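Input: one structure, supplied below.
Missing here is one protein chain; the remaining ones are kept as they sit in the complex.
In order of appearance the chains are A and B, and numbering begins at 1 in each one.
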Amino acid sequence: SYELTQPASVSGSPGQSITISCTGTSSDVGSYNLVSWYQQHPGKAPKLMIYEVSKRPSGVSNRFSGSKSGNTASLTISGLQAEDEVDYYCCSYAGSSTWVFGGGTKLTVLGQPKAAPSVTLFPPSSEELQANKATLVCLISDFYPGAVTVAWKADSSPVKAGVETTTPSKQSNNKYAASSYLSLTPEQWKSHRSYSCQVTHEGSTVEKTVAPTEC
Amino acid sequence: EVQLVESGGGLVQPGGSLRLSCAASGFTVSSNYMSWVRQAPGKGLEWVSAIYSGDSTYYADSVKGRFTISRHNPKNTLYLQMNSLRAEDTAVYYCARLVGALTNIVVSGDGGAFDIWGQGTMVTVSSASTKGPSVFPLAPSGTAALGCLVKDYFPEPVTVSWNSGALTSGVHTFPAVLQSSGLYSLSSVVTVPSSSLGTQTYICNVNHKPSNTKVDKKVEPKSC
Partner (left out) sequence: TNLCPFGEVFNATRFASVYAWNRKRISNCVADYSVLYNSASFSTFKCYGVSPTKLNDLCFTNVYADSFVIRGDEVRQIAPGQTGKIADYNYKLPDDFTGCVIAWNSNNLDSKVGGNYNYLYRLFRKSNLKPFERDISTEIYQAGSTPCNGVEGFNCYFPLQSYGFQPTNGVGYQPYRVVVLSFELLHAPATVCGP
């Protein structure tokens, strides 16, 4: 539906400034001084950062500033901090008591220390194997930047059948998490020697292995 | 102590109806402009509806003619009645206070922004039937990672606690995967002192309200 247009993503380095644009039309952004901006952490409600183009609610850092020119509003963030790596939305009055949001922008703050992923790999529980199903569970946490590739292996052979892998998701600590499930038949799980989950992050690869129980 | 708490979200068939509620505390919906704003999973915010003085109501064209916003002042509650629901209405629905010129935190000017927000309530419009999850223990093999797998449920969400809430440190419940089957799976894992393995009982309490599934699953070290 009609929305204000924001870049899908912007990146900035710490200590530097970054601007996010928000382009509407002469009948919303271009007609009123009623642009507001919001910050949204994953799983949380948006927080109001700016309203009436440039005003800050009490308690909001003066690192955040708003402006507008013609049909385009801009949010500028200075003294960029790791905490800023969140989504941002603009919003404008659209006339006759209606409101319209922009599509949102994901801000990335560069230069942060790379953090390798912690991996935990679980084999199928005995209960599930009793239910005639098998599921290997590979959990990935505490990685930054928030991007990983996951490849499964069965005795060193590539596995792409049965892989379901989540997108990365930002954690409270400003790192990311993801998970990958491999669905196997009980027979396939126990026919192979072992099985492995390999997570690739910023070139490096971290692997974990499991195998059917001894008895 | 201002707060908004939405409820009423759940699974509905296309063409069905559902009423959301939004309970305010610390201020009165009767004396404020209010709005509903929704957010499809992984997508952006969309203004749905607003209510102003005299219960004057306004709607986005995407919902106009199908949704109705209202207030009940004695219960200090805002509602959204949704009819003729479509799959495209699937979203987290938030209620929010819309600041205006007469709002007490405005010194001058017009307001025009959403400053108080609820936590949101999830609405899923689908023809698929609700399916409660199958909970399996993820056994431990000094720190120790144990957990449990909540497999093949629909729709979102699922809540996971440990020892009925007593155990919160080291807990990490992972965002759910949406499988090709259209069913969700998630895992929750807690890191605990290894020395507690086999003496401290660890139970994951899994709740999937859409299907009314409450499961307490004990995670035990592996015993052959």
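Keep in mind that, in the parts below, a contact is a pair of C-beta atoms (placed from the backbone, for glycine too) under 8 Å apart; a residue touches a chain by one contact, two chains touch by 3 or more.
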Neighbouring shown chains of the undisplayed chain, as defined at the top: A, B
Residue touching the undisplayed chain, where the options are B:17, B:56, B:81 or B:181: B:56
Of A:58, A:62 or A:96, the one touching the omitted chain in the full complex: A:96
Selected from B:8, B:10, B:100 or B:170 as touching the chain missing from the view: B:100
Sites on subunit A contacted by the missing partner chain, in the whole complex: 32-34, 93, 96-97
Those residues of subunit B which, in the complete complex, touch the missing chain: 33, 50, 52-54, 56, 58, 98, 100-102, 109-112
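Operating definition for what follows: only the chains that are shown with their structure count from here on.
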Centre-to-centre distance between subunit B and subunit A (centres being mean Cα positions), rounded to whole Å: 18
Footprint of subunit B on subunit A - complex, ascending: 1, 3, 32-34, 36, 38, 40, 45-48, 51-52, 55, 57-58, 89, 91, 93, 96-104, 120, 122, 124-128, 131, 135, 137, 139, 141, 164-167, 169, 177-181, 213-215
Residue ranges of subunit B in contact with subunit A within the complex: 35, 37, 42, 44-47, 50, 52, 56, 58, 60-62, 94, 98-99, 105, 109-115, 117-120, 134, 136-139, 145, 147, 149, 151, 172, 174-177, 179-180, 185-187, 189, 222, 224
